[PDB]
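Read the single chain below, which is given as structure tokens and is the form deposited without the named molecule.
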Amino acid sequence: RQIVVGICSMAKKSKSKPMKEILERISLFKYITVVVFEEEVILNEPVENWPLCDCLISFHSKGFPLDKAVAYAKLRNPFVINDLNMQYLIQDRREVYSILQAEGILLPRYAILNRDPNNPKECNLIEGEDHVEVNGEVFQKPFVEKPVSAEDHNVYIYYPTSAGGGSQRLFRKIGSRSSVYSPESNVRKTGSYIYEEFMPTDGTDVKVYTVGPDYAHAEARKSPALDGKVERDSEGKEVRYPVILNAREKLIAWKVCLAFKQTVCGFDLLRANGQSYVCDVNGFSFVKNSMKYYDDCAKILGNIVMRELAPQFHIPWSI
């Protein structure tokens, strides 16, 4: 009899190349069978009809019924790789930053502007031509403005008058672009936002991908905070740069993975001013186009499953 690992996510994710690469490798474990829950079943069937599993790998993305995944986990009590309730919090940048602070993790100085959509002028914002004051806290330009929804990627950077003013509007990468300059110098006046200090990097962001708290792959890409043209190679793949995490950063990854209870977890680091600042925690995310990562990730995940469950299945497993 096999230990069943259930994969529960939207089809765009469950059928993605990186997912398939990892699942084929997990299936190589003699005592593990992988079951990928059909999207039609996730959306349309009650949880009582979902397939059984002993270990559940499940994560929210656009369109995913997290309430149902939570109810399923409560019903069946599988070993859960990425905690489901924490995925409600990962959707809200305010909650993410609160957790990071509680863990003593360095992050940009920030302030939350909560705006009542019925009374949008009543919020705690004062605006000058070269700064904002949010709950009384001053942010001189350049500063960053992020929608409180972590699913909203319309992050704006505001340039100081000394640099010509205006703003950089970032967005989910569309073909050749990740951002565009706007002459608009004043901040958005509807919605709630986090305002934060701009951290000067060498022009790259470091992307970190954990598989448990003791494995983290990192790589760098050109910051969209720059001009916004995406760098691509011959095959049309976005250019990435090699990164090795230092001791401080390996600890950050350990903390993020455990604090958010996401075994598989992606987050962003800004290397600025001799330190490394977390600016974004995304939860479930795989590295793409690395055979070594696919090998390592599947081995780690299978080993986690076996360590946890081999005893109750009476399967021999050493340490």
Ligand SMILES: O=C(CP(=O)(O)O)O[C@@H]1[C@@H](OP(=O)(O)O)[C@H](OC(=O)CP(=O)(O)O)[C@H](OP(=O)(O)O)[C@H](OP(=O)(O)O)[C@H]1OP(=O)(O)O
The other form holds:
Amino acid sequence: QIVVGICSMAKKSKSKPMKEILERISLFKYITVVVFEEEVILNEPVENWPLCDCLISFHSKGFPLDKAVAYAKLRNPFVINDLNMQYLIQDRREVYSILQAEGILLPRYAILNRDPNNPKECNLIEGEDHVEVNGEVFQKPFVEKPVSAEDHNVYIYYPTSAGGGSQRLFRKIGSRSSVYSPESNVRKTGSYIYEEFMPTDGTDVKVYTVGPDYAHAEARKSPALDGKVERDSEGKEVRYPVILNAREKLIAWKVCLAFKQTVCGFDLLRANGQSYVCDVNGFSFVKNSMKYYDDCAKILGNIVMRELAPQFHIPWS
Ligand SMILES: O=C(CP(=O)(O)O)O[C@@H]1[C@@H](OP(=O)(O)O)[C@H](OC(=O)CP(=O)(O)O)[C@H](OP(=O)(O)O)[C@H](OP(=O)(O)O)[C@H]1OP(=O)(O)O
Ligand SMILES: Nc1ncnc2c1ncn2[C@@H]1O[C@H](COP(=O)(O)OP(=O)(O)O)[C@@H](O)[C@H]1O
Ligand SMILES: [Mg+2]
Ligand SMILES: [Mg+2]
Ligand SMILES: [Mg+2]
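Can you switch from the form deposited without the named molecule and show the form solved in complex with the named molecule instead?
Shown next: the complete complex, the earlier chain at its head.
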């Protein structure tokens, strides 16, 4: 049997999307799925972790990535989502830097790094209707993101012509994803990426790859629009159908390969006749789509089989 190891926090390992997918991967005749217990992940040295031939593992809050890396180094499994890239995925500066290098369209941006030691020694000048970040001008509206990709406190600053003030996004709480603030001045402590605001039709397109040749997309109301979450009958955020164009499929292919995340979530902004990548989140499943559960499990199982069947002497075509 080929052993597929699943190594992530229990929150993720026991989520419905995960359970739906693992159950289908298990229908592969030569595959056995082992889900590492959270207790073992956090408290046992890697030497005691289960063996696997293929490792599916990803960082979310609380996950000891260092131990996942050390485990993979010890056992040398076939790695579905590269572990070291997951340090970089946590850092918007590194994410954006990879996108530029791969020739992927993204918003014009500039990084403001504030060294925690110095009192006031940053490269930032603020006007009423713009900022200058290391000399680079951004007219409002512009977007201000914490350099930590796990920090979802993204601010949008409105131009005086639109009434000034700001929109503060956050991790969804109930009916809301953002709120208006009369505050017009940028945040004064911490490091941030500043970027041009890309005018979309008020939705974000969310893309989910499973390998570089398969990508499901769907749209959701932009959190910055007014902050009210559209919910269905069952209190799940309303999603709208999307079909990617040729440019966007190529984008999905590049993102999946550039970050070495077979399973990969990222966000597109359809603006000005193009599509811009504004966020790459790594390992991420589509929810509430039976067909995605089927495709994803099938693709992953196929990848596993293609990769490992020869050394296991299993016929596979
Ligand atoms: O928002 C919620 C609560 P709800 O899903 O409304 O019950 O869960 C988010 C999940 O949202 P959705 O796709 O709408 O279900 C969030 O997912 C999204 O927002 C969609 P995407 O993953 O960003 O494409 C996201 O889930 P995944 O990363 O597991 O997908 C969040 O996980 P986190 O980032 O906090 O670890 C997860 O929060 P939590 O359940 O508190 O951990
Ligand atoms: N450059 C931009 N122009 C216009 N809207 C943006 C831009 N960047 C982000 N947004 C909006 O803000 C939301 C959150 O920003 P994102 O980069 O996805 O951060 P997070 O990692 O918290 O999701 C996006 O879903 C999108 O609606
Ligand atoms: Mg099986
Ligand atoms: Mg996002
Ligand atoms: Mg993100």
